[PDB]
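Q: If you want the building blocks of each chain, they are given just below.
Protein chains: 4
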Amino acid sequence: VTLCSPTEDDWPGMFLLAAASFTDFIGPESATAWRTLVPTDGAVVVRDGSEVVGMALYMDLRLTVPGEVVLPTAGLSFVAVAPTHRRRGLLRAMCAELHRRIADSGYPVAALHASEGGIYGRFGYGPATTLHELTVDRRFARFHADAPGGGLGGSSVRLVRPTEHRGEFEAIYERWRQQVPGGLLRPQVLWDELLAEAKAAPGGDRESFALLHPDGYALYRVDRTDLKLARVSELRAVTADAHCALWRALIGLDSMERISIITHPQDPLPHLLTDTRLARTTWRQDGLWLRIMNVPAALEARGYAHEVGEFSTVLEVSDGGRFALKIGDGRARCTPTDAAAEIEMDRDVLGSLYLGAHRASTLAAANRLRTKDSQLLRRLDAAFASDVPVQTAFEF
Amino acid sequence: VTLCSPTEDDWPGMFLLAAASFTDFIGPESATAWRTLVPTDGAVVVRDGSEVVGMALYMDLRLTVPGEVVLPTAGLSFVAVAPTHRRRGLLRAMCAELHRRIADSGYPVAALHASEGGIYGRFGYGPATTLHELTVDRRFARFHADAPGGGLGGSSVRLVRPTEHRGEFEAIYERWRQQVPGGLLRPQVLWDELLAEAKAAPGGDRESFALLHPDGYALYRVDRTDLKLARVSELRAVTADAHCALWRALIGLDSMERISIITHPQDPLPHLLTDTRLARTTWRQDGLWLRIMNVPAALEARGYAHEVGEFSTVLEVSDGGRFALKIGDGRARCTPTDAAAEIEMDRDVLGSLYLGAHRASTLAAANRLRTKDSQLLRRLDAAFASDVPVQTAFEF
Amino acid sequence: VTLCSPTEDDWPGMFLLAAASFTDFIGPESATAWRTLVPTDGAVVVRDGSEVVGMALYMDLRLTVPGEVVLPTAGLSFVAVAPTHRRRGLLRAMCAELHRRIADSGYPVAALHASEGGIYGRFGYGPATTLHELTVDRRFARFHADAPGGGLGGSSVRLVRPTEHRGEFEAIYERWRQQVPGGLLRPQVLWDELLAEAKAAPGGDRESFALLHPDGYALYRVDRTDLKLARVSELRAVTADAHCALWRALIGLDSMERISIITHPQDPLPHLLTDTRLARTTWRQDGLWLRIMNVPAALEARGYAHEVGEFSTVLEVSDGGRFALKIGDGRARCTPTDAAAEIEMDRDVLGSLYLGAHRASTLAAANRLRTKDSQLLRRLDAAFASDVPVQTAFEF
Amino acid sequence: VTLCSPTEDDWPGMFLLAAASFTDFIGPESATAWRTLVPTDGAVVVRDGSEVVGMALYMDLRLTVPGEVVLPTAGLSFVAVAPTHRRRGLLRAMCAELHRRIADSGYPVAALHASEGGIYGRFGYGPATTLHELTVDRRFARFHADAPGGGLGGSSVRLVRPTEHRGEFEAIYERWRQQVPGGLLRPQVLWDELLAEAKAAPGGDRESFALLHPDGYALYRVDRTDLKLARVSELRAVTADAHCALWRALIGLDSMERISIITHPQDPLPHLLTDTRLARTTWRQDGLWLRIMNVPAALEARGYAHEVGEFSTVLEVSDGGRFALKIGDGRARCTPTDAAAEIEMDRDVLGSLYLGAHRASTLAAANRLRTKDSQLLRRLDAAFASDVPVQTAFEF
Ligand SMILES: COc1cccc(N(C)S(=O)(=O)c2ccc3[nH]c(=O)c(=O)[nH]c3c2)c1
Ligand SMILES: COc1cccc(N(C)S(=O)(=O)c2ccc3[nH]c(=O)c(=O)[nH]c3c2)c1
Ligand SMILES: COc1cccc(N(C)S(=O)(=O)c2ccc3[nH]c(=O)c(=O)[nH]c3c2)c1
Ligand SMILES: COc1cccc(N(C)S(=O)(=O)c2ccc3[nH]c(=O)c(=O)[nH]c3c2)c1
Ligand SMILES: [Cl-]
Ligand SMILES: [Cl-]
Ligand SMILES: [Cl-]
Ligand SMILES: [Cl-]
Ligand SMILES: [Cl-]
Ligand SMILES: [Cl-]
Ligand SMILES: [Cl-]
Ligand SMILES: [Cl-]
Ligand SMILES: [Cl-]
Ligand SMILES: [Cl-]
Ligand SMILES: [Cl-]
Ligand SMILES: [Cl-]
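Residue numbers (my numbering), protein chains in the order written: chain A, 1 to 396; chain B, 1 to 396; chain C, 1 to 396; chain D, 1 to 396.
Be aware that a few hints might be false.
Said to hold, decoys possible - Quick list of in silico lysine-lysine cross-link-like pairs, DSSO-like style, CA-CA up to 27 Å:
{"id": "1", "chain 1": "D", "residue 1": "228", "chain 2": "D", "residue 2": "199"}
{"id": "2", "chain 1": "C", "residue 1": "228", "chain 2": "B", "residue 2": "199"}
{"id": "3", "chain 1": "A", "residue 1": "228", "chain 2": "D", "residue 2": "199"}
{"id": "4", "chain 1": "A", "residue 1": "199", "chain 2": "D", "residue 2": "199"}
{"id": "5", "chain 1": "A", "residue 1": "199", "chain 2": "A", "residue 2": "228"}
{"id": "6", "chain 1": "C", "residue 1": "199", "chain 2": "C", "residue 2": "228"}
{"id": "7", "chain 1": "A", "residue 1": "326", "chain 2": "A", "residue 2": "372"}
{"id": "8", "chain 1": "C", "residue 1": "199", "chain 2": "B", "residue 2": "199"}
{"id": "9", "chain 1": "C", "residue 1": "228", "chain 2": "A", "residue 2": "228"}
{"id": "10", "chain 1": "C", "residue 1": "326", "chain 2": "C", "residue 2": "372"}
{"id": "11", "chain 1": "D", "residue 1": "326", "chain 2": "D", "residue 2": "372"}
{"id": "12", "chain 1": "B", "residue 1": "199", "chain 2": "B", "residue 2": "228"}
{"id": "13", "chain 1": "A", "residue 1": "228", "chain 2": "D", "residue 2": "228"}
{"id": "14", "chain 1": "B", "residue 1": "228", "chain 2": "C", "residue 2": "228"}
{"id": "15", "chain 1": "B", "residue 1": "372", "chain 2": "B", "residue 2": "326"}
Source of the hints: derived by calculation from the structure; they are not laboratory data.
With the rest of the complex left out, here is chain A:
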C-alpha cells in the first residue's frame, strides 16, 4: 500500500474510483480532457500492494484576489478514497504529498471546493467565498423606479442559443474574472463542458437558453421536474446596467413562477425590486476554500483598503511562521520576526480572511483568531475587506 504519481495505466482505475465516488462524475472522455489542466506530477495515487484505492490531484488555476491581482493557484480536486480503505490515513498522506509538491512548485495558494464542511480545515483550508441561493417569485416582482434601464425604446438584451455565441460569453467572462475577487480563468476545456451541459439530455436536463447583453450574460434552463422554476446556472455581469438588464429579462420569463440562482451575499438583485423580500435566500453554503501556502507572498500580493491608515502588527500563523505585518496605502509588507505576537490564528483562518468574505471580528468572537487588542481587530477588519464583493467563479 504505497503512494506515487499515476502512470497512463492507472487512469482507468482512477475513473472507476471517480465514477463510484462522485455522483456528478463528468465521465471518462471529459475527465480525460480535464487532465490537460493537471501539470506533470500534479497527481498522486495510492495502489493496494493491483488496484487504485486513493487519488488526488491539483490543476493549474489563476485566482483573482482583492486589488485585481491574479495568483497562480493549485486547485485540489479529484480527491477520493475507496470505501474499502477508509480510516487508513490515505487522505492525510495524499494531501501532505501534494502540498509538498505545490509549495515546492512555488504556488502561494491552493484552493478547492469541499464535498463536506468538516474535512479540509485540519489541512489548512478555510472557506473563503459564500454561495447564496436566491429564489425570486417573479409573478410579484416589480422593478423599483430607480432601477436602471426602465424607460422607453428597446431592450439591450437578446435571447440566444448558447452554442452560437461562445466567443461572446468567453470575452464577457474573461472581463468579469479579472475584476472580481474569486474570479478564475476558465480554460477552453471548461468552456467545452459548459456548452455541452447547455444541451438537453434524454431523461436529464432540459435545453439551456442564454440572455446576452454587451456587458453581461445569463445561462438558464427550466428545472427538469418543477416546470415552473427556471434555474439560472450562470450570470456574469461586468456593469450594473448589464446586471439589471439581465434581471429584467429573467423576470420577463412569464411562463415561470420562480427564478433561482446561486449567487453571492452582496448580489444587488433584491434592491432592484419594490419588494426586496421577493428575492428569498433559500440556501447558503461555503464556496471556494483556500489554503495559504506561503504567508508572506500571499499577504504581500493582495491589495488592501486605502481607507484604513498605516498600521503595523505581529501575526503568528500556528505552524506557518510569525511575521511583522505592516499595512499602509493599500499594500502590505510581511517580514520574519521573533517579536511577541499580537495576533494568532490557524492557517485555515487566514484563508477565510484572505478574499474578504469573513470578518476578523467574527472569527475573533469564535476565538479562531486571538488578539488582546480590539483596535487591531477593527483595523484588520477594514484592511482585509474587499472593495469589490467576493464571488465564486465555478466549481472544480
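Got chain A sorted already, so can you dock chains B, C and D with the ligands onto it with the hints?
A: Below, chains B, C and D with the ligands alone, put in the same frame as chain A:
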C-alpha cells in the same frame, strides 16, 4: 370617513380589527397593557362615518445605534385597515398624520417591523437589520479546539425555570441592548409578555426552559409538532465566552436532532464548530425597518468608523433636504447647503444604511443611491459600517 | 337482538355509540339539544339481547324545492352500527322501520348527508345537491370592470363579531332558504351550535369573524394550521350585489394567500374576476341525498320550467308505482296508470333529478333511467331544471 | 420594431422563441409539419429593428357547435413574446392584426387554448368548454346493476397497440367530432403527433396502450413516476354502450390503484358505479376559448333548443353591434337594429355562452351580462343550452 385620535370607546373596535388582522394578536388584556407604551396622541383611528375601519399607532422606544448612542424612537405598530375598506388611501392618510406627529414631537427616527416587504419603502422606511435563521444538526456538532470553555472542571451555565430568574434576564438584556446597534430597551410589560409566553399552553406551545450564564441567557422550547427540534426564542450574550458556553449547553440537548434560532448574519456560531456547514442558514428576512425623520439629527447622533480618514461630501435625500456632510474622528457634522449634490438617495435608503447592515456600494449597484465618485462610495461604506454587528432586539 | 324506539335510559348508550362512530360528534349536551328536532317515535335503537349496538333517527325539517315550495322533510341522521355488530342486517332493519314510520307520518321526502357514497342508493336515496370547494389565490385576484360595487364612496359591508349580530344572520338566512332549492329552515338549536362553533377553542379552531351586508353575510376563520388560508364556513347572499360585495371584502383579507369556500357549481364568483381561473375548484362531492317517499305528492308539489311546452308521458319507478305524468305551465299532474311505461328509473334516480342538480340525459347515458325516446329526454331535462341554482343549506 | 408575415428565414428564430416559451414545445420537425395547418398570411412576427421577439398565428380548423353544425374556425396558437420585450404592446399589436386578417378572411369564430386565464378576455375570447379531471380509485369500483354490458359471454373491447389500429381510431374520432359541440376535425399531422406520443421515450413517457370497441376507443399509459396510476390520454365514445364497455375494461386494470382522465362535467362515468363518489373530480379548468368574430353569422349558424317557445329580444355586444334576435323552432335570426337593447354583454361573454357550457343566468349574476328582464334570462338559458354535452377535442 374621518381620521382622529381614539377615545376610550374606540378601543374595543380596535381590538376587533386587531383580532381580525393579526393572527398572532396578543389579545385584549395584553394589548391593553401595551397601551402604556403609547404616548398621548400616539394613536390614530379612521371611523366609517359608527365603527373603526383603520388604525395605527406608535410606541415610545429607545434604539441603540452605532457608537452605543441611544435614540428616542417612534415604533410604528398596530397598523390595520379593514378588509372592507382597502384601496381607499387610509394607510397613506394614517401614516402621514403619525409622521407629522412624530416629527413635531422631536423623534429623530421611526421604526417598525413589516408584515410584507413591499409596503413601507414608499413611506420612507428602509430595512435596517437582517434576520438570519440558523438550524444546527446537533448530532454531528463538535466544538473546535479553539472554542472557549472546553477544558476540565464544571460548567458556568445553569438550566433553570424562566419565571424564577426574571431579574437576571432583565439585567443581562439591559447590558446587551446598550452595547449592540439594533438594541431596544425592553419595558416591563414586554417582560410580562415574554414570561407569559414561556409557559406551556393547552393545544399551543410547550413549556420553555432557560440556560443561564452570568453574562448571557438562552430561552428555548421544543417545537410543538416536531419533537426533535428545539427552537431558541432568544439568546442574549454580553461576552463571547457566554455565547460559546450557551451553545455548548444547547448542543448538549441530546434528545434533539436540531436546534434552530433567529439570529443575525454575523453570529459566530458556525465558527465554533469543526464543521461550519452544520450551522445551516434556513431563512433570511428583513428585521427592523427605519425611517430617518430628521436627517441631520440622525446622522450627527451616530458614531462612525475611526479607520476612515476625514472626508466631506454633499448628500441629498430625495425629499429630505441637502446637506454638507463632514465625517472625521468617528463623528459627523451635517449642515444645510445648496452646493451641488455628490450623493443622492431616497429617504428609505438612508434608513437601510444607518445601522450598518447594508453597504452603500451594494445600494449603489442597484442605483438606489447615485454618485459619480467611487472613492466617495468606498468612504461611505467604511464610515457607516458598524464595529459591533447589527442585531434585532424584539418584534413590536 | 331486537329493534324499538329508545327510552330515556337508552340515550347515554346512544351517545357512547355516537362518540365512537362520529369523529365530529357534537357531544352529549349539544346532542341532547338536537333531540328537540326529533319527533316522538322519530328514533330507533337495536339493543343486544343490555347495550345499544345500532341506532338511527330522523328530524323534522323543511326543504325548499324548485318553485320556492317548502316540503316537510324527514332528515335521517345519527345513524350508527357498533363495530362489534357489522354485517348483521342492522342498518337495513333500522332504515326499513324508519321509512315505514316516515311514510305513515305523511312525509313526501326524506333526506340525509352520506358518510360514504356507496351505502344509501340501495335504500332509495339519490345525491341531489353538489358541494363544490373553491380556493381563491386572492393575491392575484382583481375584480372585473363589470363587477357590482366597484365605484367611489364607502362599503356596504361591515366586519363584525358573529355573536353580536345573530338576529341579522337569522333574518338573512331565513330569506335565503325560502328562495333557494336545497334551502332548509335552520331552527334555534342549530343557530346555537353555529355561534358556539364561531368561538376559538383551546387547541381547536381559531376565532370566527363575520362580514355583514343588509342582504348577505359571510362567516370565516383562519385555518388552524395553515395561517395563510381563510376558510369561509358560510356565505349566504340574497342578492347579487350582496354576493359581490362580500367577495370584495373577503379578497380584501390582505394577510391571507388563499380563501376557500364550500359552495355550489353555479357560484358566480369566478366570473367576478378578470382571471376566472383564480377561483380553483379544489374539491367536489355529493351534498344532500334525497329519497322520494311519495312519488305523486313529490312530483306534483314541485314547480317546473315554463319554457318547455306541455307534454305527457308514463313514468315507472322500479318499486314505487307507475304514473301518467303530465307537465305544463310549470306544474305537473301525476296519476296512477297501467299504460306502458315510457320512462323507467330506480327510486334513487328520481331523488337525484328532483332538485335539478343532475340531468336526465346524463343519468340516461349511464342507463340509470331507460327510455326509447330522446325527445322525451330533452323534455325531462328542461322541465326538471331549476331556474334558481340548487344549493346545500347545512349538514345534519 | 415592426410587424409582418414571416418569411422562410424567420422560422428558425420562431422555433427558438417557441423552445424558450413553451416547455411542451413539440420541436422543429413537428412544428414544421404543423405549418401545413397555417394558411398563407396566417402568421405574424415582430422583429427587433435581426431577431424575432414576438409571434402569433392561426390554423384552419373545423369546430362543431350545437345542432351538429360545423364552422370554419381560426385557431390562434404559437403565441409568444420574448422575455426581453414584455410590456411593449406586442401581443395587443399581434392579436389586432391577426383578428383583422381572420375577420377579412370570413371566419365567423376564432378559438384558442389559454396558457393563463387573465390574458385573452380583453381580446374578446371567453372560455367556452370546461375540462374536468376525474380520478377513480378503481380498487373499490363496482359497476351498478343498471350499467350496460354486465352480462354473460365475451367482451366487445380489445386491448391493442395504438400504431396498428390508426384507421379505426380516425374513423371513430371523425364520427365523434361531428356529433359533439366542441368537436374539432383532427388532420393527419395531428394523428401523426398523437401516435408518436403513444411510444415510450427514454427518460420520458411510458408506452401507451389502447382499448378498442367498434364505437369507441381509449388511449392510456401508466404514469412515469406514479406506477399505480394509469392516465387515460383520450377516450372517444360514439355510443353509451361503447363508453361503459371502455370503462369496464379500464377498471379491469388490476395493477393500478387509480385511473385518471381529463373529461367534461357531464361525463356519465360516476353514475356507472355503485359509489358515485369514487369518480373524484381532482381538477377543473377552462378548455377551449372562443372569440365570436361575426355575431350574426355565429348566432344564426348555431342550433337552439326546440323546447323553448319562440321569443324576440335585442342584444347588444359591447363593441360588436346591436341586433334584433329572434329565436324559434331551434333556429335564430339576427338582424341589425337601433332599437333599445334588452340584453348587453361584452364580446367574450357571448363566446362563453355560445357552445352551452356557461349559463346566461350565472353570467348575469356576476353582472357580465345585463338585462332588466328575468324571463328573458330564463329564455336565453334554455335556448343556448346544448342537448349534447359540450366537450373539448384536443389542445392546439
Ligand atoms: C482529470 O479529471 C478531472 C479533474 C478535476 C475534476 C473533475 N471533475 C469535474 S469530476 O471528475 O467530475 C469530479 C471530481 C471531483 C469531485 N469531487 C467531489 O467531492 C464531487 O462531489 N464531485 C466531483 C466530480 C475531473
Ligand atoms: C396596544 O396594543 C399593541 C400595541 C403594539 C403591538 C401589539 N401587538 C404585539 S399585537 O396587537 O399583537 C400586534 C400588532 C400589530 C401587528 N402587526 C402585524 O403585521 C402582525 O402580523 N401582528 C401584529 C400583532 C399590541
Ligand atoms: C340527537 O342528536 C343529534 C341528531 C342529529 C345529528 C347530530 N350530530 C350533528 S352528531 O351527533 O354530531 C352527528 C350525527 C351523525 C353523524 N353521522 C356521520 O356520518 C358523521 O360523520 N358525523 C355525525 C355527527 C346529533
Ligand atoms: C407551426 O407549429 C405549431 C403550431 C401550433 C402549435 C404548435 N405546438 C403544439 S407547440 O409549438 O408545441 C406549442 C405552441 C403554443 C403553445 N402555447 C402555450 O401557451 C404552451 O404552453 N405550449 C405551446 C406549445 C406548433
Ligand atoms: Cl483570475
Ligand atoms: Cl481592495
Ligand atoms: Cl457568485
Ligand atoms: Cl437601546
Ligand atoms: Cl462604530
Ligand atoms: Cl439578532
Ligand atoms: Cl326551506
Ligand atoms: Cl322552476
Ligand atoms: Cl352551497
Ligand atoms: Cl368539427
Ligand atoms: Cl341543440
Ligand atoms: Cl372532454
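Q: Which numbered hints turn out to be false for this structure?
A: No numbers; nothing is violated.
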